[PDB]
Structure formats: C-alpha cells, structure tokens
Amino acid sequence: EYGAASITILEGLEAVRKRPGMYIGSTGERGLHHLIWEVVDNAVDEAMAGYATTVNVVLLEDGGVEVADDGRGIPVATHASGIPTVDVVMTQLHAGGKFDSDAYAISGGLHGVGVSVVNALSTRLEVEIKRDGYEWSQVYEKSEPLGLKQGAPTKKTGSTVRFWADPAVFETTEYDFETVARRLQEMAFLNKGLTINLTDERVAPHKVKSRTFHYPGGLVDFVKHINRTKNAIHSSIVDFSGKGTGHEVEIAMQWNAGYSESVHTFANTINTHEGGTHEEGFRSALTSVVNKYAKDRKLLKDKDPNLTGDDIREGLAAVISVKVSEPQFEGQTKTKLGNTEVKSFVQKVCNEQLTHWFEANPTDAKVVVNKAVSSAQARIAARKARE
Amino acid sequence: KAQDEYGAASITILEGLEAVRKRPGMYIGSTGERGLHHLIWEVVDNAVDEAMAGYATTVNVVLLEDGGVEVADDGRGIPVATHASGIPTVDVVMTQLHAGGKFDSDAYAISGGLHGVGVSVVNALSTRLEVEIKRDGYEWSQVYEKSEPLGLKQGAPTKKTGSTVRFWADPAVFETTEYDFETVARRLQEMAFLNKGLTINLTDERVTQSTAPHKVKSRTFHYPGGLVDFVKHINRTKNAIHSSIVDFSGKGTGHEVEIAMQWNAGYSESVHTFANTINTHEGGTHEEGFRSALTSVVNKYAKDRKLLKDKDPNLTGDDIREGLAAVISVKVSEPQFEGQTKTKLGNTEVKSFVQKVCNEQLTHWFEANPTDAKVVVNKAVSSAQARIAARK
Ligand SMILES: Nc1ncnc2c1ncn2[C@@H]1O[C@H](COP(=O)(O)OP(=O)(O)NP(=O)(O)O)[C@@H](O)[C@H]1O
Ligand SMILES: Nc1ncnc2c1ncn2[C@@H]1O[C@H](COP(=O)(O)OP(=O)(O)NP(=O)(O)O)[C@@H](O)[C@H]1O
Ligand SMILES: [Mg+2]
Ligand SMILES: [Mg+2]
Ligand SMILES: [Mg+2]
Ligand SMILES: [Mg+2]
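Here the protein sequences line up with chains A and B, keeping their order.
For the first sequence, the positions run 1 to 387 when this note's numbering is used.
For the second sequence, the positions run 1 to 392 when this note's numbering is used.
No lab work stands behind these hints, which were simulated from the structure alone.
All C-beta atoms in this analysis are idealised placements derived from N, C-alpha and C, irrespective of residue type, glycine included.
Honestly, I wouldn't trust all of these hints.
As the list claims (entries may be wrong) - Derived SDA-like pairs (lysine to any residue); straight-line CA-CA distance at most 25 Å:
{"#": "1", "chain 1": "A", "residue 1": "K366", "chain 2": "B", "residue 2": "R391"}
{"#": "2", "chain 1": "B", "residue 1": "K300", "chain 2": "B", "residue 2": "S352"}
{"#": "3", "chain 1": "A", "residue 1": "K384", "chain 2": "B", "residue 2": "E269"}
{"#": "4", "chain 1": "A", "residue 1": "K348", "chain 2": "B", "residue 2": "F174"}
{"#": "5", "chain 1": "B", "residue 1": "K392", "chain 2": "A", "residue 2": "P305"}
{"#": "6", "chain 1": "A", "residue 1": "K384", "chain 2": "B", "residue 2": "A240"}
{"#": "7", "chain 1": "B", "residue 1": "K303", "chain 2": "B", "residue 2": "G317"}
{"#": "8", "chain 1": "B", "residue 1": "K1", "chain 2": "A", "residue 2": "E387"}
{"#": "9", "chain 1": "A", "residue 1": "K155", "chain 2": "B", "residue 2": "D4"}
{"#": "10", "chain 1": "B", "residue 1": "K238", "chain 2": "A", "residue 2": "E387"}
{"#": "11", "chain 1": "B", "residue 1": "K392", "chain 2": "A", "residue 2": "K348"}
{"#": "12", "chain 1": "A", "residue 1": "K384", "chain 2": "B", "residue 2": "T12"}
{"#": "13", "chain 1": "A", "residue 1": "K384", "chain 2": "B", "residue 2": "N60"}
{"#": "14", "chain 1": "A", "residue 1": "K323", "chain 2": "B", "residue 2": "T12"}
{"#": "15", "chain 1": "B", "residue 1": "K159", "chain 2": "A", "residue 2": "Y2"}
As the list claims (entries may be wrong) - Derived, one-sided and incomplete: chain B residues facing chain A with beta-carbon distance under 8 Å:
{"#": "16", "residue": "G7"}
{"#": "17", "residue": "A8"}
{"#": "18", "residue": "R23"}
{"#": "19", "residue": "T31"}
{"#": "20", "residue": "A81"}
{"#": "21", "residue": "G86"}
{"#": "22", "residue": "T89"}
{"#": "23", "residue": "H98"}
{"#": "24", "residue": "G101"}
{"#": "25", "residue": "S105"}
{"#": "26", "residue": "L114"}
{"#": "27", "residue": "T177"}
{"#": "28", "residue": "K306"}
{"#": "29", "residue": "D372"}
{"#": "30", "residue": "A390"}
With the hints as extra help, turn the sequences into a complete structure.
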C-alpha cells in the first residue's frame, strides 16, 4: 500500500544516523577519519580567520579524539533560538557562522553540518570552551546535551572538542596515525603561521608518540617534502600568487626524475583530492604554456602533435592552494571545488606566471620541456612497437 | 573588525530549502554543466525507482523549448493524500529535506533514491515546478512557484497511475541552463540497459536559429538483453577478441550483483560500475571487489596452464583490464553512497560479496571456455611484457 503512510520525515540528527554516507562518504576507514577532519577543519577555520595559532590533536587511549584550538571559542551564550549557541552548533543541521564572510572571511566550513555529524555518529562528545571571561563545559551523551556548565574564570580563549566514534556506526574505530599525521602536515603547509601538534596516547621516563607541524615557507616547503625521495630535475621551485575579486590562488611546483603525477589541490585548506575547477584551470594553462614553449623552441615540429597533460605532468610535484570567499564543494566530504569562475581565474594566473617562469629561467625550462618531449615521444614509440 | 566580536548572533539556522539555495554544491556538486544535468538525474532516478519496483514500464524525458524539463512515468504516483504532518504528501516530498519513502524497503525494495532530498533540491533550484499525478482514482495537479505550492487541484477521474514532473532551472543558480542532448541520451541509455523491462524515450523540443520533423532529436531505449546489450554496445567501434560475452549474477543477504564482460582489440579499459542503476563513476567497494577477484582469477589460470612463467612477477590489474569492456550492476537493499551526487558506493560488505561472486563465477567461465580464455590470457601476458619493455 504505497501512499501517505509510506512517507517518513527525518528530524534533527535522525538523517545523519540513517544515511551516514551522505555526510561522510561511508562508514569505512575513510569515513572514520572524516570525523577528525570535521573537528580539525573548524579549528583551522579559526586560524585562517587569524585568531588561532595552535591546533593540537590527540588520539586518546579509549579511541576518543581531542582537538584543541586557541581561537575565539564556540559561541556559548544563549542563541536567538532560545538555547545556548553551543547546542545549536552541536545538534542542528545547516546552523553555523560560515553562511556569510562576516565571522570567517575564508573558511573550509560552509554547510553548518560538520561537527553536528560528528555528534550524531559518536556515543559521546565533550566540549571545553574558554570565552566570555569563563571556562565552559558541556557533555553530549548519544548526541543529547547534559547541561552547559560555567566554570573557572579566564581571560584565555579557545575550544576543545572531544569525541568517541560509535562502534555501531563504524566497523573499525582504530584511527590510523600516519593518515592523521599526513593530513595535519598539509594543513600546516597551507597555513604559514599555524602550528599543529599530534599526540598518540593509545598503547621511568616515557615519551609519547608525537609530531609538530610548522612550515614558515608554506607551499615551497610542501614541494620540497613531496620531492624528498624523488630526485628533483631542476633547482628553482616554481612559486607564484594570483588575486581576484572574491578569490586567491597560490601555486608551487617542481619536476623530478619520476614517472608519476604528484599534484595536490586545496580550497580553503580542504584536500579536494578529486580535483575541480582550480586543478582544471591549472592543467589547461600548463598544457598551453609548455606546448607554446616547445613549439617556439622547435622541440616539436609543426606537423608534430601537441604534448598531452599526462606527458607534461609526469614527474611533476605541484600544489594548488585556493582561498575562496564563497566556495562550492561537492557534498560534505568536499572532494571537489566546483566554482566555475575559479577555473578562468586560475588559468589566467598560471598562463601569465608560468609563461613568465619559463622565459625568466631558461636553464630550468629546457629540462622540464626536454622531459615532456622525451615522455611524449616514448608513448608514441611504445604504441607503435606494440603495433 | 566585527570578526573580533563573534558570538551567539554570528550563528544562523537555515530553514527548509534555504540550505539548498545557499549551498547547492552539497546536493548537486556544482552549479556548472554537471550540476545542471544532476537536476534531470534526480527527477528521472525517482521515475526509474518505480520501474525497479516493477510498477513503471515507461519513462519519457522531454527537453522543452522554454527551457524546462518534463519527466513522465506510468508508476504509482507521488502520494497525493494529506500527510500526517497536516499538508498534502506531494508538498512534503517537494518542499522538505530528509522526507521520502525510501528510508525503509516497504514501498521500494531496491532504489537509487535514499536521502529524501532529490526532487526537493530540484524544486529549490528551479524558478517553477509543476506536478501531474494520476492516482487514488483521480488526476491531480500541483504548481510550485519559487518552491512555494500554489494549491493542489483535483481533476477528472482516471483508473491510470503515473507521475509527470516538470521543472524550470533557476538561471540565478546555474551559470548555464542549456542541457546537452548527448549527456542526457547517454545516461538514459545506461538506465535502460540496467532495467530489462523499461523503455525510456528522450525528446528535444528546443529549436535553433524551419521546424521540419527531422530537426527534432529523439531516442527510444529498450534493451531486453540488459548488460549483454550494454557490453555489445561498448565494443561496437572496437573489435571483440572472444565471441561469447561473460554473463553471470549472484545474490546475498541484502545485495545482488550482475556482471557482463568482454575483451576488445584496443589497450583501452571500459569498466562501467552501477549501484541501484546509479552511475557510481568514481567506483567504490563493488568495483574494488571485482578488480581484486578478476586479478586473482587470471593469475591462478595463467600459472596453472603455465601461460605465465614462474620467474616473472604476477600480472597487474591494468594489464588484465587493458581492452576490457565490463559492466558491474549491484542491487542493494540498504546502500551507502558518497553524498547526493552518489559518485561512489561505500558498503564494506559489498567488496567481500562482489569478489566472492566474481572469484567463483569467473573461474567457472575460464575453466568451461579454455579456447576464449587463452586469447584473454595471451593479451594480458603480452601487454604486461610490453609495459616492462617500455620501462627500459
Ligand atoms: N573550534 C571552533 N572555534 C570557534 N567556532 C567553532 C568551532 N567549531 C565550530 N564552531 C562554530 O560552529 C559553527 C558550525 O560548525 P560546523 O557544524 O562544523 O559547520 P560549519 O563549520 O559552519 N560548516 P561545515 O564544516 O561545511 O559543515 C561554525 O560556523 C563555528 O561558528
Ligand atoms: N515519480 C515518483 N513516483 C512515486 N513516488 C515518487 C516519485 N518521485 C518522488 N517520489 C516520492 O517522493 C519521495 C521523495 O523524493 P526524493 O526527493 O527524490 O527523495 P528520495 O528519492 O527518497 N531520495 P534521494 O533522491 O536519494 O534524495 C520519494 O522517496 C518517493 O517516495
Ligand atoms: Mg565564509
Ligand atoms: Mg565545520
Ligand atoms: Mg501505472
Ligand atoms: Mg530522487
């Protein structure tokens, strides 16, 4: 009997617990680690706004994860809603301070869902906040607030979010250290003044497993890192910026004797690992710049076909970092940046700055074009040899 | 700065479809070409879901001149009756997020729709929406202007059942509001392949600057050979290496799988993955389960027949999948898709399942057809040694 009785409306966090995949992709290792990503993003968002300097993540013994920032602290006062803003932010969907650019000019967070999902997919969530001249505490048991508590007075500011992933939701709740270590590192690469500390408290003087991430050389350091094991082909690491009405691009790149593509893209510090408009404008601009150089330096005949992106990006270590005041991310996992205006923006920046670099550095330009030409001709030889 | 004085007032709660209008990327990916087409997917997906349940036989998609899209199914009809919340059910289904009849397995046992978001999002990102429902003994008509319902109208009596949804994309939302016929065509074609008793008709009533009948693009997709008509389609411009196509299925608790595969002359991998008819073009567990199974099956066959030497390492997936045309269709009672755009299927248990079915059933095909198998193994053996030669 398909009718009005079959239509079911979901309320609050019901929808998150019924369809975790809509918010975290899946309940696998990727989904589990996304919980950490949601809590850390909010702390990073505070650093980007220029309030936090430090983000400390701790993998606790019990499987709990702690994330502490020295930012402004989650608004704790009573909302217009009639409940303390901590609860609005922690238990409601499409609720937050990132629907404008007033509180956070450039922020990874934008849907007002992130940390609410973490509450929804956790057995427990604790929060310790410093602001309004006090130390504030709140416990959320099976997503429900047990009571906001006004504690010790303090001039200090910041937030500390603690959460315990539901073993009913996730199959495996053991977080992976090096997965977390890798992501926190890239956040510090995209945030110059930011310091991220990581501690693994899970199982006479004893030192606990820890890492510190501070990179004053930003993206140029990120590239040096990518090209440690890989043997760099040219001395000068490409580095440039681009500014526009509503957006900004930051690029750094270097080639190596490798045969793989090591291109990482970011939008408001978010790892847009499935790419997007920013990556697309970059690839587009790169292919056209190299192809013009090779044709102009007669490294390819006029009858010779143009070098494909695959030939050029082979052995390339590149980082594309965009700061967008109004991003368009593909779902809550934000695997892609979709902003159509950002493709034409990145493209003109890469076109004008890569054309500049290739003409300014003739030594370095020669090598990377020689590689592209040699890798292109190799694929034309391998296809013919196979017949 | 007012950023310093950030507190309770800085936090704002979005009500209903304001969430979709503010952050469309959460539900459609982007406001680009791919996002625009996603609006048709949401509406067609709902019509297809009715075919999957065995109530709809036909789906008719029309790209209107004005710029609107019309999707007509002969299903059961979007329930019209006044919902428990106090308003007609159509209005709940069209103006409210996380509301639908796909949260259980009662109305739709297997369905691509699962979030209760689809058609509400379409309504949210459209200047106007129009619904024509035939059910409960009468033909009904509702109109939404900027998502707001103008009032449900009751019409003439009918014994027939179906739904007709018509939407006009908001140009303020989308950079481009003009659809690509081939994009729509290709998709509706794959939908017809994965649903044996379904017929999808696409019609293009958009003119170009007289109105001769041949100037209107049209398609009618009905494939009784399902996935086999799909692999036959894939290897058309390409040339098959073995005569008979690999056709096999396999069921489990709360999941079913269908595989159809064939190898071509090229070095081009053409593996298409589907979950509840949804094109999971980024793959997921079902694909990964198949990829694992396929690599293991060929490596056990190449070693036993001694086609591959003991000295050389095992074959890579890429060399096996080189020139492979395959279709992977899973039917899952409780799926887990990455977001609204549903680009990936992430069910942990599906990787084990598809691999279990593939490992067992492919081994069966290799053992029963040694003649066709030798050609396949010989292709992978040469392409692996080609990859080794290229590295030198
Ligand atoms: N560590 C924090 N410091 C200060 N404010 C925070 C912090 N964490 C959360 N908030 C506030 O709570 C709001 C909502 O967070 P959240 O639930 O993650 O959604 P969001 O960050 O706005 N967007 P999104 O992450 O894309 O879903 C934020 O806008 C912040 O204002
Ligand atoms: N053509 C139709 N025929 C009958 N019922 C429909 C039709 N279209 C929508 N519905 C019903 O309306 C509900 C809401 O639609 P929708 O917004 O697309 O959410 P959904 O299909 O459940 N899931 P999803 O598409 O993944 O967000 C559906 O679940 C159906 O119950
Ligand atoms: Mg913002
Ligand atoms: Mg957030
Ligand atoms: Mg019917
Ligand atoms: Mg739908």
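Item to check | When the least beta-carbon distance from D372/B to chain A is tested against 8 Å, hint result | outcome: Violated, about 22 Å.
Checklist entry - Do the numbers back the hint for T177/B, that is, is its least Cβ distance to chain A under 8 Å? => result Violated, about 13 Å.
Next on the checklist: Using the nearest Cβ pair, does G7/B come within less than 8 Å of chain A?
Outcome noted: Since chain A brings a Cβ to about 5 Å from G7/B, closer than 8 Å, the hint holds.
Next on the checklist: Less than 8 Å between beta-carbons is the criterion; does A390/B satisfy it with respect to chain A?
Outcome noted: holds (4 Å)
Checklist entry - Under the criterion of a CB-CB separation shorter than 8 Å, is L114/B in contact with chain A as hinted? => result Status holds, d = 6 Å.
Checklist entry - Taking only the CA atoms, is the gap from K384/A to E269/B under or equal to 25 Å? => result The hint holds at about 19 Å.
Item to check | Proposed proximity, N60/B with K384/A (alpha carbon, max 25 Å) | outcome: Violated, because 47 Å separates the two Cα atoms, which is more than 25 Å.
Checklist entry - Given the hint that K323/A pairs with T12/B, does the C-alpha gap stay at or below 25 Å? => result holds (23 Å)
Checklist entry - Close enough to count: is the Cβ of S105/B nearer than 8 Å to one in chain A? => result violated (11 Å)
Item to check | Straight-line alpha-carbon gap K348/A to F174/B, limit 25 Å | outcome: holds (23 Å)
Next on the checklist: Checking one constraint from the list: CA of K384/A to CA of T12/B, max 25 Å. Satisfied?
Outcome noted: violated (62 Å)
Next on the checklist: Does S352/B sit within 25 Å of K300/B, going by the straight-line distance between their CA atoms?
Outcome noted: holds (19 Å)
In terms of the numbered hints stated before, the structure departs from hints 8, 11, 12, 13, 21, 25, 27, 28 and 29, listed from lowest to highest.
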